[PDB]
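Enquirer: So you can see what is in the structure, the chains are spelled out below.
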Amino acid sequence: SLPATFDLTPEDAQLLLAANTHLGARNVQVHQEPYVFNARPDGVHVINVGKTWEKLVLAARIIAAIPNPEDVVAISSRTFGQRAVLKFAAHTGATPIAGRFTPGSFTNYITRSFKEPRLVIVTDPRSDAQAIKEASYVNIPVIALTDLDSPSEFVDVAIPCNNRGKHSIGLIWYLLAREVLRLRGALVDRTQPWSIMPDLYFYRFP
Amino acid sequence: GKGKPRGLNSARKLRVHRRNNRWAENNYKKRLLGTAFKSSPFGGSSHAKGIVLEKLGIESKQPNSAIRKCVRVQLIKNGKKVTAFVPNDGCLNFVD
Amino acid sequence: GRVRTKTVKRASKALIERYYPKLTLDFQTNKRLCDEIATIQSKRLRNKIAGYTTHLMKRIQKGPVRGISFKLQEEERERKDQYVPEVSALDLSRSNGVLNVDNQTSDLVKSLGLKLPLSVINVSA
Amino acid sequence: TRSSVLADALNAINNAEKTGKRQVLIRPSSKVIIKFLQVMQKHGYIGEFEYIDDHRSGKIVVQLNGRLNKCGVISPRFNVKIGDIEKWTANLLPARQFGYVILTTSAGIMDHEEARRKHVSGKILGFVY
Amino acid sequence: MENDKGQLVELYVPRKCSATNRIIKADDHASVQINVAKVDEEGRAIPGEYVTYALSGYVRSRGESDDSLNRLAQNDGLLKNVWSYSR
Amino acid sequence: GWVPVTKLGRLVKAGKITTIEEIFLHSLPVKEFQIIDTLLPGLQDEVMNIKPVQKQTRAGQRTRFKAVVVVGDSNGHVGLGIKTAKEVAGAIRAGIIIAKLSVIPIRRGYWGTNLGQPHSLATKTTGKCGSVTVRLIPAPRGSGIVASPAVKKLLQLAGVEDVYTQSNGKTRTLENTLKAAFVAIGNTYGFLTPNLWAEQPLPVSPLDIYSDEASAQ
RNA sequence: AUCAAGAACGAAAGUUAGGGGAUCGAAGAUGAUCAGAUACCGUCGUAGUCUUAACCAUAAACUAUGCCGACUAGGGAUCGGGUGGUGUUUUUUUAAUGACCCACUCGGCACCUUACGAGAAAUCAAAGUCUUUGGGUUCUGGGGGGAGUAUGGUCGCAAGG
RNA sequence: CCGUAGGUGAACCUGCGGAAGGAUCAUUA
Ligand SMILES: [Mg+2]
Ligand SMILES: [Mg+2]
Ligand SMILES: [Mg+2]
Ligand SMILES: [Mg+2]
Ligand SMILES: [Mg+2]
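As you go down the protein sequences, you meet chains A, B, C, D, E and F in turn. Using the UniProt record's numbering, you'd call the opening residue of the first sequence number 2 and step up by one each time. Using the UniProt record's numbering, you'd call the opening residue of the second sequence number 2 and step up by one each time. Using the UniProt record's numbering, you'd call the opening residue of the third sequence number 2 and step up by one each time. Using the UniProt record's numbering, you'd call the opening residue of the fourth sequence number 2 and step up by one each time. Using the UniProt record's numbering, you'd call the opening residue of the fifth sequence number 1 and step up by one each time. Using the UniProt record's numbering, you'd call the opening residue of the sixth sequence number 34 and step up by one each time.
What the hints contain is simulated information worked out from the structure, not anything from laboratory work. Among the hints, a few may not be true.
As the list claims (entries may be wrong) - Mimicking DSSO-like on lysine-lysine, the simulated pairs with C-alpha atoms at most 27 Å apart in a straight line are:
| hint | chain 1 | residue 1 | chain 2 | residue 2 |
| --- | --- | --- | --- | --- |
| 1 | B | 5 | D | 71 |
| 2 | C | 63 | C | 10 |
| 3 | F | 119 | A | 116 |
As the list claims (entries may be wrong) - Listing some non-contacts, in silico: residues in chain D with all C-beta distances to chain E over 10 Å:
| hint | residue |
| --- | --- |
| 4 | 30 |
| 5 | 55 |
| 6 | 79 |
| 7 | 91 |
From the three backbone atoms N, C-alpha and C, an ideal C-beta is built for every residue, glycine too.
Input sequences plus hints: build the corresponding full structure.
Expert: In structure tokens, the structure reads:
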């Protein structure tokens with residue numbers, strides 16, 4: 002149900018193998034066994050990156066399916082993640098949660114951090130697990146970035162990537178941003194590369 | 002399998018089990034030992050007629066101090082002696 | 002202990018997050034500064050607030066404090082985008098145009114059906 | 002030992018539905034399991050089921066959709082009268098609209114509605130709803 | 001249900017889960033409505049019409065909502081070679 | 034006056050939601066009580082238990098009042114709420130709000146034949162809360178609610194009139210009995226009946242189609 | 001497969017008749033002491049503790065969880081066996097094995113997370129598949145005492161069961 | 001506390017074997 006141009010462009014595959022997204026953790030859960038292809042024999046698994054591309058194509062379609070672009074909310078507490086979600090929220094107009102996500106923000110309308118979304122993106126479902134479980138109370142889909150040993154409960158359309166390195170998380174946020182702006186209509190030509198480089202999303206500590 | 006023989010030819014173990022396990026009811030044990038006929042002083046009857054014997058001023062402390070105005074009564078039909086409460090009299094001027 | 006009240010602390014926090022640059026290390030100028038900007042009902046309370054703003058001008062000149070200042074917040078508004086590299090680590094020239102890729106991910110490339118400048122590297126244990 | 006084979010089959014079906022899968026591995030087979038799953042299939046309570054031969058006694062795959070909230074077995078196969086059909090139809094079913102009792106009758110295996118309108122009876126196996 | 005006369009006598013006929021065909025009841029606050037917009041040939045989304053999924057909280061509390069939803073997207077023609085029909 | 038704070042409030046305050054079938058069909062949580070107040074004019078509260086409870090905190094002995102409040106239509110809507118407060122009127126007030134929030138619909142069906150209106154429960158549902166199971170059986174027409182007066186009063190506040198009940202466990206605590214009976218009566222939507230095999234196209238959510246009203250300013 | 005009847009084993013202490021009797025050590029012999037923080041402490045020490053022939057049949061004999069069978073979760077391990085490796089090491093000249101590593105695999109002792117499910121809760125891969133109540137089977141309990149008492153039977157030299 | 005044996009005792013102590021139905025801190029691989 003997609004045109005043939007939507008697939009892996011080889012410069013994006015060079016970009017993916019440049020950011021070491023295909024490297025992962027050492028434990029493989031029962032749920033995420035099809036994302037692994039095989040194991041490099043030290044204990045490091047390598048992941049099917051075509052699945053990551055087409056899975057973020059799904060996540061881009063979920064984000065484009067919402068009518069109000071301010072109703073999607075990005076969640077972050079990792080050190081790379083705040084910069085990544087503030088760039089994503091700057092570029093698509095989402096509402097970012099940087100640093101400590103406030104408890105009682107998805108119920109409890111009294112608090113000024115009460116935002117009700119219809120769609121939630123999470124950097125990892127272990128450190129930001131509280132936004133996952135508070136979104137499990139008020140009926141919210143959550144599309145997430147899960148590793149090979151992330152908790153796989155309470156997520157749907159989860160994107161396998163590497164949350165450990167700053168390269169992969171900044172790139173995968175950049176690719177979600179460029180996929181949804183190429184799908185909304187802000188960049189008409191599918192052939193044209195996006196004008197902003199992916200290193201804008203990258204974290205530096207001075 | 003919850004601990005009972007559910008075979009279609011297993012009526013006898015269930016029935017012996019239910020017969021032997023019914024002696025733990027106090028009512029069944031009272032009815033099929035004749036307890037109401039041998040140690041019950043009424044002889045398993047709703048009433049018994051008697052001839053009074055004494056005046057029992059038993060004091061009974063906690064929690065309510067009942068000033069017991071009650072009469073020791075010898076029954077007629079069997080010749081054993083039971084105590085007996087006299088109701089509603091403040092004075093017991095009636096059962097002399 | 003002479004712990005100051007929360008009204009003096011909060012008024013000094015507001016007047017230093019908003020009215021930073023004309024306040025200085027001199028309490029005597031800050032007295033008529035907070036007279037001319039703030040409507041404080043008593044001489045004692047405005048002396049408390051002016052002395053506290055003088056003390057926070059004393060320790061603000063040695064370094065940054067957790068509260069809000071504007072002249073830093075423009076600077077972390079170009080900290081978000083001023084350090085874009087002309088060549089990133091994801092570009093080809095940092096590996097001379099050919100990637101450092103093991104045999105299994107090259108098998109991923111030749112199985113998925115893409116053409117890519119890969120150098121196979123043999124790794125073990 | 003393994004006493005009944007229908008009981009372990011239907012218990013496996015009920016456990017794999019309560020954990021929410023779509024396929025089972027029933028082992029082993031019989032006439033009774035095959036004809037019982039055919040009785041479920043004629044009402045559309047299960048989808049495809051599939052029988053694998055292995056020359057010992059066959060393993061059965063049943064592809065169950067979602068439609069069976071509980072089937073079960075009544076393991077002492079009690080003898081049921083014509084007039085005793087209402088008792089099992091009131092005790093194990095939810096109500097009087099749906100819900101079935103499966104009997105082995107001398108005209109074959111059939112549900113309690115088909116045993117009513119056949120006007121025969123037999124021995125009780127279990128119940129599908 | 002239905003009465004005799006030809007008129008529906010019901011409050012609401014509930015949402016069935018698109019994974020396990022089970023009933024999403026009213027207090028099931030872990031339930032998810034999934035919205036996917038289909039695409040135009042030049043890479044745009046028409047914002048009015050969608051393909052649509054519903055996941056019960058029973059599936060989501062486990063964690064095979066990804067795997068079942070991958071199966072749903074691939075059998076709805078949206079995906080290929082992500083979910084595998086064998087393993 | 035009343036101000037809404039969420040999207041569910043401003044849709045019904047703008048009058049775009051007709052009844053509470055559209056809330057129950059999409060499983061939106063009712064979050065303020067004014068949604069149920071505006072959508073249901075015919076809700077009759079009825080107070081069950083008043084229990085004075087002695088409370089100790091930092092060597093301070095004060096008496097609080099535990100209140101059990103059931104609310105319900107004469108149609109199929111049941112709300113139950115448990116709240117303890119210091120005063121009587123505040124306790125029954127917080128009871129009618131907490132019962133007003135958690136309203137759960139009931140699938141009323143037929144025993145045997147199919148004549149007339151629905152009169153009983155469709156299928157047998159059980160419910161457990163505490164050590165108490167309460168089982169609700171469908172009954173023939175006009176048989177009354179054969180029940181303890183607590184769960185009976187819960188059931189003529191339910192839109193049904195004909196249920197046999199069967200219970201077990203220590204049911205002399207009316208909180209756990211009414212909780213288990215509330216779970217049992219809410220469990221009726223959830224029995225997949227053969228006359229609901231029919232697949233339906235899934236309706237779009239009201240928040241999606243009505244996105245530009247009820248929006249945050 | 002499970003088990004009335006019946007049978008084998010059954011820790012310690014105990015019992016008969018022998019050998020031995022180093023240590024420990026209920027009984028007993030002895031000293032004390034000085035206080036109401038207090039007699040636990042000491043020294044000889046018989047029985048015993050050890051073994052042989054025969055008895056005795058009780059324990060907090062505990063996983064306080066009958067036995068067989070199926071299903072419902074993984075993974076870090078480990079013990080015993082097996083499979084495979086242009087895997088390692090051990091050299092002599094390459095092997096062979098032996099040891100180690102990896103991926104498994106059965107079959108045991110255990111662990112950690114959950115909850116779908118149970119329970120009153122503590123908690124539980126069984127204490128789940130049980131009001132939507134039936135895989136097969138053995139034993140026991142019916143408020144607390146009176147009381148494992150009275151009495152009868154039975155075994156034992158007795159203590160006792 | 002349990003089992004067994006003994007001195008006794010107004011209570012109770014002691015010999016042998018079991019159980020926790022009794023409270024894992026720190027440290028390291
Ligand atoms: Mg009772
Ligand atoms: Mg015996
Ligand atoms: Mg014993
Ligand atoms: Mg007794
Ligand atoms: Mg005890």
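Enquirer: Which hint numbers does the structure go against, in order from smallest to largest?
Expert: Those not satisfied come down to hint 3.
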